[PDB]
Structures are given as structure tokens and as C-alpha cells.
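Starting off, we have a lone chain in the form deposited without this ligand, written out as C-alpha cells.
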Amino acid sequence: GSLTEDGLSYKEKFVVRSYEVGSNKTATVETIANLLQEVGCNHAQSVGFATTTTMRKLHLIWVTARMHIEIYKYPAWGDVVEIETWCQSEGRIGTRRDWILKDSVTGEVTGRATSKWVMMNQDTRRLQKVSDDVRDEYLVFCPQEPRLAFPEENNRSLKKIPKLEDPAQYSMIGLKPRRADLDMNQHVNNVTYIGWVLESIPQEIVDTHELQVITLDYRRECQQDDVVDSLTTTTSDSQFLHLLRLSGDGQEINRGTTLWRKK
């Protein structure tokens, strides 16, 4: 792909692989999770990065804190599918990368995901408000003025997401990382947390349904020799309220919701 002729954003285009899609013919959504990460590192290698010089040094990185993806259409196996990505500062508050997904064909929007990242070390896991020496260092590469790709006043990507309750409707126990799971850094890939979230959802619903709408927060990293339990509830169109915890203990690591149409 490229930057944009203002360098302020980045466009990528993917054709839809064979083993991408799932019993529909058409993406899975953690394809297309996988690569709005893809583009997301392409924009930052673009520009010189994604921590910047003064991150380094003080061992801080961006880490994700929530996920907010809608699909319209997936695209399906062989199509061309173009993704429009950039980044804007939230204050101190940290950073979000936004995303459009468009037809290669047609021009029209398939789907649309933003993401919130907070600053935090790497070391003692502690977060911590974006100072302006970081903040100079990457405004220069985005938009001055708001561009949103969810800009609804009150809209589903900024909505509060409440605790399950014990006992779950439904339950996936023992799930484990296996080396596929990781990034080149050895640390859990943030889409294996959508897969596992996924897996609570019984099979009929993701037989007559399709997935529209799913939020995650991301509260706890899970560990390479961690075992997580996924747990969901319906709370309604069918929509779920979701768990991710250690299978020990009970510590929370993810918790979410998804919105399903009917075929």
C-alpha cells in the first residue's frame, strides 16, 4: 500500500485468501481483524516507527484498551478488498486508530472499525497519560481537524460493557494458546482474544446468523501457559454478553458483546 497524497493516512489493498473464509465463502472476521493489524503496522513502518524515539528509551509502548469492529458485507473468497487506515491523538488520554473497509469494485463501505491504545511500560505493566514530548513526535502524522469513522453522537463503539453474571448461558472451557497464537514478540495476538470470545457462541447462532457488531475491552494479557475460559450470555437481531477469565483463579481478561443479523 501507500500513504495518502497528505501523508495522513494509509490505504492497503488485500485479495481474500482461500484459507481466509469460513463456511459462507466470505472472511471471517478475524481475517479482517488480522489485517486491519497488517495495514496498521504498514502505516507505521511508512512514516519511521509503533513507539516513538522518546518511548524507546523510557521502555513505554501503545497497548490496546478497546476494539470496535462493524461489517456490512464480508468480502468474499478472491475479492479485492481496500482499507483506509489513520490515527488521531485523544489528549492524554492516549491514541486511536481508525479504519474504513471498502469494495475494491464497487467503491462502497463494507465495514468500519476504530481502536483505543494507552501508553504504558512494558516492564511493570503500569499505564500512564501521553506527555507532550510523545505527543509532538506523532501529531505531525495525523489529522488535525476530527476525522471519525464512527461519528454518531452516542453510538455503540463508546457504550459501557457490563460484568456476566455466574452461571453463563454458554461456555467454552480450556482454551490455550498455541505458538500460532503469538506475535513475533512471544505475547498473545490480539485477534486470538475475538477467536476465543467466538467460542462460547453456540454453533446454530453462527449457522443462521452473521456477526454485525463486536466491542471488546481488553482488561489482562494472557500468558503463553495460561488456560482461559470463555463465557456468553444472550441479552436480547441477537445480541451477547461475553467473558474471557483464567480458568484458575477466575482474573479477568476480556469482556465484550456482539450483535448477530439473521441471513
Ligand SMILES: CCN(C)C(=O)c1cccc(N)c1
Given for the second form:
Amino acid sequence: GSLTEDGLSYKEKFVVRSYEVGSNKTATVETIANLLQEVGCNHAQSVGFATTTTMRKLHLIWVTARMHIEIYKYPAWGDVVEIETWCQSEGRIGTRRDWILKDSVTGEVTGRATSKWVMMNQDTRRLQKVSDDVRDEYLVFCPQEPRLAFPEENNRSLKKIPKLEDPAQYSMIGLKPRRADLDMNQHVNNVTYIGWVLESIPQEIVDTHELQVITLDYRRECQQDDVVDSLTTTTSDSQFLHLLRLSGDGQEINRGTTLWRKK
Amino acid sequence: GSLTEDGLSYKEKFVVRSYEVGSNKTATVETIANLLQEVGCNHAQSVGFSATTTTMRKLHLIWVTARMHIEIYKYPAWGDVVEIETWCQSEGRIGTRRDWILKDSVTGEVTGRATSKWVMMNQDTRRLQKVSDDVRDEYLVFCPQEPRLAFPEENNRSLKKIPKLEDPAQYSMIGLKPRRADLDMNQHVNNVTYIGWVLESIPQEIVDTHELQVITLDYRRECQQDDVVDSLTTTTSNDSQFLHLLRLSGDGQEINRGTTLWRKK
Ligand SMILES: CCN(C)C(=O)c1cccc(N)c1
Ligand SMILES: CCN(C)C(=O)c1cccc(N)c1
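Form deposited without this ligand done, so how does the form deposited with this ligand bound look?
Next comes the full complex, this chain leading.
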């Protein structure tokens, strides 16, 4: 993997592995989600840096508020996929990472992604606007003119997700993370939530359709002795409305929607 | 990804990824477990397999994993390249063996070694059988002929009989169940998932203050749709040893038994 000629984006090549694919022998969206995580990490390494700089000074971290993924073709087992990624200021409101996936044999786009990150405090968890000296550390590693994997004005990735109302059409109750769901700081990694959201999609739908789009808001963390319930309801191509909530008091941790095409 | 000069062994290089490491920024045994699986798969393809022979596909026969044994000296750090060599051998009519060496790509030193016992089973009836000469011949031409053992030792902890755990268990993790990321391409629970289930009953205290040196795990039954697992661990003991049992939380049917051996950091 490497920074491009201008050092304002990063590329990496991945070979899809045997345990990385589902029953179509194409990559799961979770594998895809982990390669974006991975390529985003190596791009932080390359520049100097989760990707903190003048943040751990005041005990501050970046944290995913929203993931959005559109897949045209899921790479097959043995296929090389190329992912290019870059980061942009959304002023002091925001901070965005976009990805592009290409077939490394055709150079053709098979998938694109985008995400929103905000400041916190690993301790108090309180949201924080981005200061001047925080935009003087990373904005030298970012494109200055807007560059959007989702350019389209009023599209699928900027719009409000409603809260699923009881009763839910479908549910998988009592989901618990294991140690393999934890990152190196012992937090459930953003990708397990994607897994829990998809767990309440019926097998009939997975077996006959293909996931075209996922959109996931990150509202609260699950703390490895919390148990999640996962709720889905057909809102409709099939579309679903998603809610993850703590098994007990019913506290929201994620809401999302998904969009499937008939195979 | 290539067969060696003599095409009786296969080598692959893996770079350790961010989401593949634990609290020490070194790869988890499960990540190791997955790279051993990935490299075994690429070696089957390399000699033209899928790892069923011509006869096996005809007779609805598959290779199943009876025992996994893994000994790690050093877990490769996030960003480190790791080289794994793997090879198979006839264990006569009983079944096959697959053996792995893990090396550091920079120093060339062994950092781990694994070994496994594969038995032949009917897909459908789920019924073990011995290796017909018709089959032995089809894969023997892809195996070393002189024994080549990752675990040569005259009394190695890879071939020793594992007791069943007596109730009450010292530790337990109750109600474990697979999600879709736990399934392989043919919709069966991935063999690595049981490693993680086994290790869920090891208390955090041990994990935070020791390293896993040795895991030995026998496979007795699989998780066959809607099943829920309980995980049982009891200390059998510098070195902490454990005895392990997985069972279906209903009838209490055994699926796995195992041991682990941890050293203080
Ligand atoms: C799994 C990580 N999550 C959900 C968070 O820590 C979090 C909490 C509040 C707001 C946001 N954006 C994120
Ligand atoms: C998923 C792998 N497992 C547990 C099996 O299919 C199995 C069943 C019986 C004996 C053995 N050795 C393995």
C-alpha cells in the first residue's frame, strides 16, 4: 500500500481469502468493512499518526458516527481488489473518509464508501467541535477542493434514519460480543455492529438477494458485558429499517437501513 | 503463494492487519488459526483440488478436522510479515495429517508450529470411514514420502489423550451462538470459531497477565443450525494449564474438548 503521487490519498491491494467469503464465494460486506478499516489505518501510519495527533493531549479521539456503503460487485475468492481512500474536513461540524473499490484486473469500480467522524474523550464521552490547531495538523494531508465518493446532491448517505417502532417484523435477541469482536483497545470494533444489524435479516432474503446499500448511525458503544437485540422491518428491490438496542432497558446503540437487489 | 522447488510443500506470506491483533498489538491465536486455514486452502488449489479428490466427489466424501494442535513461541506484531510453510502426509488408512511452520520473514526464525488430524466422512450420513487405496494414490503424489513432522519430539503434547471435564466447572461462558461471520462458504460453523468459544471461559485476568503457548482441541460434533454452546474451563495446574469442554446447552451433548498452556509475561 502507498500514498499516491500527491500524498493526498492512499491505495492498497487485497487478495480475497477462503474464510472471507459467503455462500456465493464472494466477499461478505463485513470483510469489505474490515478492508476499509485496514486501508484507513495504513493511511494514518503513512502520514505520521484513533488517528489522533493534538487530541490525546486533551484525551480526544475520532469515532465513527455514520458508515455508508454501496457495492456493485462483491469481489470473488482469489480476486485482487484495489481500495483508494482519502479524508476531508467538513469544517468544525465534521470530518469525512471516502473509499473507492476497483477490480484490479479491469480497473473498474465495484464499490464505494463514505463515513463521518467526530471528537469525544475516551473518559467523559462528550462530543467536541474541531479547534484551529486540530485543522493545522491533518488539513495538510487532505485534498483542498471537495472530492466525494458520493458527489450526488441529496443522495442516500446524508438523509435522516427514523427510529424503528415496536413491534419489529424480525429480531435476533441476546447477541453478545466475544474477544474476536474486540479491537486492540478492547472496544467492540465498528464492524461487529454491521454483523448484528444483518443478523435479523431473514435467511430467505440473504439466500435470494444481494445487499446493494447499508447505512448505519453509531449512537452508543456496547461494553463486552452488554447484550444486544437486533430489530428489522421491511419498509418497501427490498428495503429494511434497522435498530440495535441493549437487551434490558432498550437503550439505542445503532439504527440503519439496507437495500437488496434480486440475485 | 507458491509450491516449493520439489512441489511437496506450499509457502505464503501474510502482513498482520489492524483488526487481526489483540491488546498486545500481536495477532490473536484465532488470526493465526485463520492463516493456517488460508494457506492449506491455497496448497489444495495449487495441486488442483476443491480438498476432495475425483473419487471423493463421486462418493459424497469430505475431509473433516479431528484434532488441531498449535504451539506459538512469538505472536507476530501488527505490520510484521509472517511466512507459513504447510504440507500433508498419509497416516496410513486412519486419515491424513497437515503440519505448519510459522517464520519471521525478517529473521527467518520459527515463531510457531501447528499440526492437525483429518479423517474421512460421508457428507450426508456424517459417518467416519478409513481411506480406500483408490483415494490414497490420488493424493500420495502430492505428499513427502519420508516422514516430515512439525512436532517430532519422542513425547510431544500434540498426540496425548484429553479427559472429559467433570461438573462442576471452575469457569463458564453460557449461551454462545454463531452469527453469519462465523460461517464458511458452505454454511458450516468455521473450525476457528470453536477456538474462540473454547477461550471465552478463560477469565480476563489470565488473558491480561499471560500468553497462550499451546492449544490442543479435538472436534467431536459440529453446531448444526440453531444450536447454542456452553464453554467450560478448569485450571489443571510459571505455567497455567486448563482443561476445556464445549457442549450443546440443551441435552449437554459434547462438541469439543481441549487443553491450553499459558506462561506469565
Ligand atoms: C461504537 C462507537 N460509538 C457508537 C460511540 O462511541 C459513539 C457514541 C456517541 C456518538 C457517536 N457518534 C459515537
Ligand atoms: C465443524 C467441524 N466439526 C466439529 C465436525 O464436523 C466434526 C464432527 C465430528 C467429528 C469431528 N472430528 C468433526
